[PDB]
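Listed below, chain by chain, are the residues.
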Amino acid sequence: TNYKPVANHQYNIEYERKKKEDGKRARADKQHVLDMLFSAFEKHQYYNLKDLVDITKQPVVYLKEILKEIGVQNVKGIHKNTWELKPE
Amino acid sequence: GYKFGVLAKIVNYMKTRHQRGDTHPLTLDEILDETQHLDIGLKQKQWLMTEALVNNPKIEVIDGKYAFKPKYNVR
Amino acid sequence: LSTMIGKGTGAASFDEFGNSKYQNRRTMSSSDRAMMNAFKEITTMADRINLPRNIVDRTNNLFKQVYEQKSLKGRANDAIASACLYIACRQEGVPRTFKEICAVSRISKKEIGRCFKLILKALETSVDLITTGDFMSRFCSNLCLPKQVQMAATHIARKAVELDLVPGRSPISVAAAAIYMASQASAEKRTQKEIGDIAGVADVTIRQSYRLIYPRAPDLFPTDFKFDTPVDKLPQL
Amino acid sequence: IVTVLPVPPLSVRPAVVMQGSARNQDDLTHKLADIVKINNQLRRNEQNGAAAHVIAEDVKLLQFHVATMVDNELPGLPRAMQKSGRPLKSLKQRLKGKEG
Amino acid sequence: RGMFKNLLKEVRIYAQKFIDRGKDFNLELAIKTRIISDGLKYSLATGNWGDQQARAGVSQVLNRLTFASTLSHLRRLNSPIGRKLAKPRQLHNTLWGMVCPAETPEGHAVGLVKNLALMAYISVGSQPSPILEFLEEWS
Amino acid sequence: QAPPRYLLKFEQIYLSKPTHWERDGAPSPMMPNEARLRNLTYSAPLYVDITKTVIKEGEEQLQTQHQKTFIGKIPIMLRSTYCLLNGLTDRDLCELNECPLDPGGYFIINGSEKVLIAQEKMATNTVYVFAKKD
Amino acid sequence: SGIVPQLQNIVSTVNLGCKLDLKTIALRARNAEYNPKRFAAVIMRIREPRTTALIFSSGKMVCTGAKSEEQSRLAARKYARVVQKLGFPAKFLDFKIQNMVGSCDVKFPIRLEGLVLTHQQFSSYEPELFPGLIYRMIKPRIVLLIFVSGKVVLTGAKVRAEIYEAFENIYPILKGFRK
Amino acid sequence: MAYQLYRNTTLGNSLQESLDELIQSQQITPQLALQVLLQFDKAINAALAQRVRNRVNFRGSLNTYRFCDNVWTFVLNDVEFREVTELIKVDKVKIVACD
Amino acid sequence: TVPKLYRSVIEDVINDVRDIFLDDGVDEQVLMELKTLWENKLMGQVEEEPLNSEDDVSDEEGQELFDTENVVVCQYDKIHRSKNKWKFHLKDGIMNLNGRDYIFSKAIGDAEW
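Residue numbers (the numbering used here), protein chains in the order written: chain S, 1 to 88; chain D, 1001 to 1075; chain Y, 2001 to 2237; chain E, 3001 to 3100; chain G, 4001 to 4139; chain L, 5001 to 5134; chain A, 6001 to 6179; chain R, 7001 to 7099; chain X, 8001 to 8113.
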C-alpha cells in the first residue's frame, strides 16, 4: 500500500497553488521602494539582505540596483559582509 | 519612524535642485515647502541646523544660508 | 586522487580549545560532488521500489552520459536522475509507469516527462514501446492474485490490444481493465479502489475502459481457464 | 629541510591491473596527488596574495602531507586515511618490520 | 540502535531542509531505506561490527565440512583478549558444565576460543519489573 | 521548527516474511535454498507505523498516520520464528530443498552462511575490585 | 492527396520602435487587462478578427489567433491604431510572420504502433504523457500531432506554403498504416 | 489610502455633499472630511464583511470589460436578477470590483 | 431588513467616530446634527504607415461617463475564463437597483461575449 503511484505529491501541488495564488513580486517605481527603505532604516539601523527583500517585496536585482546607488557594503569579521541603508 | 528619515529626502532634494542649475542658496523653509514636510518638529529643525548641514562635505555655509558645494567636486 | 585525514589520536593532534588542527578539507570539483550527490540520490530512489543493482548501474551510465553531454544544465539534477531511472527501467524490459517513478521522487510527472523527452532528444536514441504486458507481473503481484489470473490477464490484454478493440487508450489503463475484468472471473475479487491506487489509474479511466472491453467478454478470455464465475455474471458499471 | 621533494619512479609505486578495466594506484601515488594539490594551492595563494592565516594553515597542511609521506605512525597525529578505515602505507611502513 | 539513530537523523535533516525552504514534506521520501538494510547486511557480511576501533571477527563463514563442525561453530564463544596474557587462556574452575574443557583450538587462539557445554543455556534476559514489584510488596 | 511545528512519532513495528523482488518488481517468498544459490540476502522487510502531527497558531492540528512505512530489511536467522522454515515439518523441509537436520541459527548474507559468535564481555552493573600491582 | 490543410491560428511579431507606458495604456484602452504580479505585458482583445495581442514596454507587438496572414497584418494595423489613439508615435517596421498552426483530417484511423516502430528516429509515442504521436521530421522545421482519430495538427512552419509539402510527405506514410 | 469603491455611490455622494456643505460654512477643514470619509469606508467595509449572510443570483450578457490595478469594469446588458424572494429585470448594469 | 441594516450601520458609525472626534477636539454636537442631515438627505496599401484606412472601429464610450444606470459595487475572490463565459465567485457587496437597496454575501455570475 506504500509508495503508491501518484501524478504529483500533495505538498508539491499545494506549494504550486500557493505560488500561483500569490504570484511574482511586482516591480515598482523608485520613489515607493525608497519609501519602504526609509521606513526600514527608521525601524532598525542594520539589516540582512534576505529580510530586506521580504519586507520590501521587490525583485532582488532591482533591490540591489536601487541599494547600490545609496548604500554601501561593510565588511564584518563576525558573521558576513552586509549592506548599510545609511546614504553616507 | 522619526528624526532619521527626512535627512535623506532633504539632501536628495537639494542635490537634485542643484542639478537644475540653482546655484543660489535656499532657506530651510524653501525646501520644506515643496518636500511636504510642513509638520516637521522644531527639535528636528535645530538638530538639522546644528549637525546635518554642517558636518557633511556637500553643503556650503555662506551668508547664513545653505547651498551646494560645486567647488569641492570636479566640474 | 585524494585521501582523508583520520581522527585525532593525542594532544599534538588537538589545538588550544577542543578542536583538531587538521580537517577533512576535500578537493573535489563542484562537478564531481554534484554528480556523486546525484548517484547517491539515484540509489536511494531505486531502493524505494526494490530495483536490482543492474538498473541502478544503467541509470548511473545514462546520467553520466547526459551530464557529460551537457545539454540540460537548466533542469534539476534530481529530475534528470528520475528521467534516467525511467529510461533505464524501460530499456531493461521491465518498465515502470511515470507515476511509479514520481512516487519515489520529489519531481512531478510534468517535470520528469519533459526531462525524459529532452534526454531522448539529446542522446539521439530510442526505446521500445510499452505493451500492456510488461506492466502485468507487478500490477498483479502487488494486488495478490493467483498465477492462473496472471496468465488470464496477460493473454486477455494482449488479445484486446492485438485486435484493436481499444483505440489510443494508454497501456496502463488497458492493463488495469484487464486485471479488473479477469479478477471477477476468479474467486479472488478486487474493487476499483485497490486496482486504481496500485496501478495509478483514476476510477473514471478504469470505468470507461471496462465499459469498452465488456461486450467482447467470452471471445477474449483464454480457452483453458477455470470459470469460477460465469462470463455473463460480470457486473457492468 | 625538505625544500624539493623527490618523487619516486613508477617502479616504487606501480599501478596494479584488476579484473576488467581498472587503474588502481598505489598509496604513494595518492600521497603525491595530495602533495601536488596542496602545493599548487599554496603557490596560487602566495601568487595572488591571500591572507596570512590562510598561508599559515596551507603550510601546516603541506607539512602534514610531507610528514605522512614518510611516517604514518606519527605519535599523537592523525593518520593518512584512504577511504574506508585503512591507514596509508608510508615509506617507513614499506621498510620496517616483519613484512617490510 | 545506532543505525535507527542514523535514520532518524537523516529524516530530521531532510525534513528540516524542506520546512525551512517553506513547504510541507512527504514522509515516505524522507526515509532512506538504504541505511538499515545495507548497514546490517554490511556488518553481517564483513564482520566489522560498527559503522562502515571496532570488533572484528564477530561474524564468520559457517563451517560446512562436517555436521559436527557446523554444530561446533554454531556454539562458539570468543574472548576479545588480544592475540601475552596467559591468565585468561587458562581453564578456570567456573567453566564446569558451561564450557567444554576439551574443545579449544591449538595455537595463537588457545583458550580464548571456547565452546558451550552440551547442556549449557544462555539466558536471553527478562524485564526486572515484576521482581521489583514483588520485592516492594514483600517485607 | 522552521510558525508551524512538525512532530513525528514512531509507534508500531511490523516485519513480514522474507521476500525477493525480481526485475519485474513482483514480490515472491524468498526460500533459503534460492537465497543460497542466487547469492541473495535472506532478509525480511521492516515496516513501521508513523504518526505525523502539525502544530499551528490557529489550532488546526492534523493527526495523519502513515501505516506500515518501509524502513529497510532485517536479515533473518534461519529456523527462527520469523523464518519461512519455522513450523514446517520434515517432509515440507525436504520438498523445499532444505535439510531437516540443519540446525539453523545462521544468517544468509550475499549467499554466504554467516554465523555470529558469542562475544564475551565483563559483566555490567557490578562492582569489581581488582589487584593492579603494576 | 485531395485534402488541403486549413490554418486555425497565426502568430506574428512586429516592432513599433518606440517605448510605451503600460499603466496608461491599460487605463485608456477598451479591452486591456494588466496584472503586475502575473505577467509583464498588457493583453488586448478585439472581437471582429477574434485576435489577441500583447503590449510590451519595449514596443514589440505580438498578435495571436488570426485566420490569415493578411488578416494578421490587418489585426496588427488595428492594434497599432489603438496605440496611436493614445498619441504614442508607434510605427510599423520589420513585420515578420512567426508561426501558423493547421488542423486537418485524413478520415481513417491509424495504427500508431507501426508508425513509431518504422520511424523511431523521427517519432516519439508516449501514451502516458500525451495520447497523440509527436512526429519530428527534418528538412522542414515541422512537428506533427497524429491521433488514432485520424486528425492531424501541423505546427512550426515559417510560411503558409511550408505547411503543405510536409502533409503530402506524411500522407503516403500514413497511407501505409491505415487501420 | 483605501479601497475607495463605496465613495462613488448614492451613500457616498450624500456624504460628500454633506461634507461640502460643512466645508462651505467653514466649520471643518478638508483634511477632517477626508479622515471622516476614510473612517466611513472602513466602517462600511467591516459591516458588509460581518453582517451580510445572504445570497443572490443574476444572469446576463456582456459587451464591455476591462482590468487595471485590481479593478474590474464589466458591463452587462439585459440582466435578470434572480432571487428566492424577488425577481428584478434591468436593462444595463456596470460592475466595478476590487480586492 | 434593509432599514435594520441601515440602523445597525448608523449605530456602528456613530460608535466608531467618537474617538476620532475626541482626538482633534470635535464636540459631540457635530455628530448628531450631521446624522439628522444625513437622514434628511436619504428620507493594396504598400506603404503602411497611415493607419487611417479604417474608421468606426470603436463603440460608444459614454457608458462609463454617464454612470446613470445601476452599478454593482462589491469585491471579487475568484474569476475564471473558459473560452466563452466568465465564472465569478463574488463576495460581500451592496447594490442599488432602481433606488431599492440590495445586499449579498456570495454570488455566481454568468456572462456571454
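It should be emphasised that the hints constitute simulated quantities derived from the structure, not laboratory data. Beta carbons: idealized from backbone N, C-alpha and C, even for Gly. Mixed in with the good hints, there may be bad ones.
DSSO-like cross-link-like pairs, simulated, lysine-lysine; straight-line CA separation at most 27 Å [said to hold, decoys possible]: (1) Y/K2021 <-> Y/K2007; (2) G/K4084 <-> L/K5133; (3) D/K1069 <-> S/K86; (4) Y/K2233 <-> Y/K2147; (5) R/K7092 <-> X/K8091; (6) Y/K2117 <-> A/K6091.
Covered stretches of chain E, as calculated for chain Y (at least 3 residues, CB under 8 Å) [said to hold, decoys possible]: (7) 3030 to 3041; (8) 3060 to 3068; (9) 3078 to 3090.
Status of each hint after checking the structure:
1. Y/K2021 <-> Y/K2007: OK: Y/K2021 and Y/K2007 at ~11 Å, within 27 Å.
2. G/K4084 <-> L/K5133: holds, 17 Å
3. D/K1069 <-> S/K86: holds, 21 Å
4. Y/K2233 <-> Y/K2147: holds, 22 Å
5. R/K7092 <-> X/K8091: holds, 21 Å
6. Y/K2117 <-> A/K6091: violated, 41 Å
7. 3030 to 3041: holds (count 5)
8. 3060 to 3068: Contact hint for the stretch 3060 to 3068 of chain E vs chain Y: holds, 3 residues under 8 Å.
9. 3078 to 3090: holds (count 8)
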